[PDB]
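In the block that follows, a single chain appears as structure tokens, in the form solved without the named molecule.
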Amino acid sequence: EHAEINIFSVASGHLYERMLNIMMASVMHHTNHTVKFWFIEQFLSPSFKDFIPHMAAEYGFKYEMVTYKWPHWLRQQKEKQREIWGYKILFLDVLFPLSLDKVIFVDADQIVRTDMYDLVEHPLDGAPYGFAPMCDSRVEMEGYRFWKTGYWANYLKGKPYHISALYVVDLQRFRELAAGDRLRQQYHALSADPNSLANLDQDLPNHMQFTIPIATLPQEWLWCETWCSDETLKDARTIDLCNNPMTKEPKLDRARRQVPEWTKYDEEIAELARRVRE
């Protein structure tokens, strides 16, 4: 459709819905371009869906709910987490109208600190999608970078192992290449082995990057404390909260501690909620 910036996300649970409102507020506080948010409807709570028109009127954004049913032929995922990961990567060509030329996935737990139109304008050199690589800058976490040894090191041949927390999809090129049909057919064949695609949303594009190119985004597009150094935080365009296998610190504790403006957005959205309620 007509918005300059089009973002979709997936959220399941009260905690992720609370963070999704914060992510949306952070996008609008950093851009003057028109924005439309797209929601994978079936995982959201009724209260979240009822509150979105109030967020839209307060922050000045458009929105649309997409309800796409998992195709009968396509191998299902019994685990809700894996089903949600399937919705991130398997249906990019069918979730959005043919008129939409580009969409960006932003994780529900992200904090945006840049004008997202800079990602819309980032050149992809013919790639149907662009992902940031996993950071190598936090050196003390090298033992946990599973992609630097074993299966992935041999498979990648020096190519980056990309994180799936943020990605830009040129829907025109994605369509042109039949990337959706190709990703669903590879997923269907690979998923017959239950050990394959452990990190479904991330492993599938990384696996297919020799035939479905990935434009490797600048590292500054995605900063996560687990893999990225403190020194590179000042250059981060977006901040992602991702699992830390070494510390196992809780999600809300990480959010409040890392990002000074997280509490500001959280309190601002709670103030908007009290204003609408009364």
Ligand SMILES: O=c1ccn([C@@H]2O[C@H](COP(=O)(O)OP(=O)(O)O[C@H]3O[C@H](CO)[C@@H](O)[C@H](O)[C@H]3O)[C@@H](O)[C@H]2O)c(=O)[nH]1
The other form holds:
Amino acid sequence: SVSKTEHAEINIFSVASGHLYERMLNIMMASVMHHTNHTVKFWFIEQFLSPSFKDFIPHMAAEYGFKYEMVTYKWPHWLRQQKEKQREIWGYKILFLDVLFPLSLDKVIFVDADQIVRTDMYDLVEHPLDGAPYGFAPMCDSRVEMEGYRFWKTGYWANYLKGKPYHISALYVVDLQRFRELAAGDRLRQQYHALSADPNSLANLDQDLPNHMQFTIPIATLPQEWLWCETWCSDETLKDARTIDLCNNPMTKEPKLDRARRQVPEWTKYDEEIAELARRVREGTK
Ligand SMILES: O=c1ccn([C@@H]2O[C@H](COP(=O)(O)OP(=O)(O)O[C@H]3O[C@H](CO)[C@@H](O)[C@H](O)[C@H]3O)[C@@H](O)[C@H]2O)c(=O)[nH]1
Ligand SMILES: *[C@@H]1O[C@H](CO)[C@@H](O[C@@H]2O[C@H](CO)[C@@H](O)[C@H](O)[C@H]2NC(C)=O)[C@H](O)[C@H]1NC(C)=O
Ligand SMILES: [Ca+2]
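The block above covers the form solved without the named molecule; next, return the form solved in complex with the named molecule.
Up next: the whole complex, starting with the chain shown before.
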């Protein structure tokens, strides 16, 4: 209850780098705000954001009625670094959950910058984790034509998981109090440091690490409805989706903005609403 007052009832963090992902990140935030009356605070990994995004965020905050905080955490020199920017961004999603946020924040949800929310995110805040420090949705099996690309259903992963789900990292709820109690952050950092000695390991860093650790750092498998991606999930389950991820389709290679406009009817309305807000701020400041 002290976390709800000092911060907000719903706390979401995301990571974005590049104009395309920042444009989608504003849309993700507008989609959250249109679907809840609970208080919201957005948390941003500052060093990857553009100066324009950081200058526009107080205008988004005042227009949509949310609070926000910029977090700048320095990668520890002992911890194996990532030379690829994409892999460093993935490290920021999963390696520092216990230290990016203040001790007074009890719970935080990661929501991908390219996501569209169609639900009250307070329902995820209230989802029962039963002592798991975090919850992720599983990868869908419902789009049968994509079975050849489900790498987690054959080879190394099928033998390692033994039927346990392979989870997607586009969305996850973190009970920070339980995550801290279980020292999950220190354990993920130490395991990542040891596993990353092999440069071929953790190809999908943010996703492979929690899935590899799920027999010792439990994952509360979220209802499949919490994350729908066309690449893996059936058309028929879209009407039940609480959130949508615009995940890459290895078969079609369709561009990101084309996937957004084709799959999500309300995407253009959020995009035009934020562009109208940008034009209004441009005249008021210039
Ligand atoms: O120039 C770029 C490219 C990517 N990203 C971020 O990198 C991640 C992955 O990019 P994305 O376009 O979302 O790829 P997807 O196919 O959507 O990725 C899926 O699979 C990844 C793991 O393989 C997870 O990190 C994603 O959350 C999940 O949506 C996301 O957090 C993006 O915000 C950037 O910020 N800038
Ligand atoms: C947030 O509050 C608004 C009211 O300010 C809610 O809007 C109503 O939603 C119902 C949905 O059954 C509509 O039938 C009404 O016409 C809406 N009324 C108004 C005045 O907008 C909205 O549903 C609330 N959202 C959530 C998720 O609680
Ligand atoms: Ca994504």
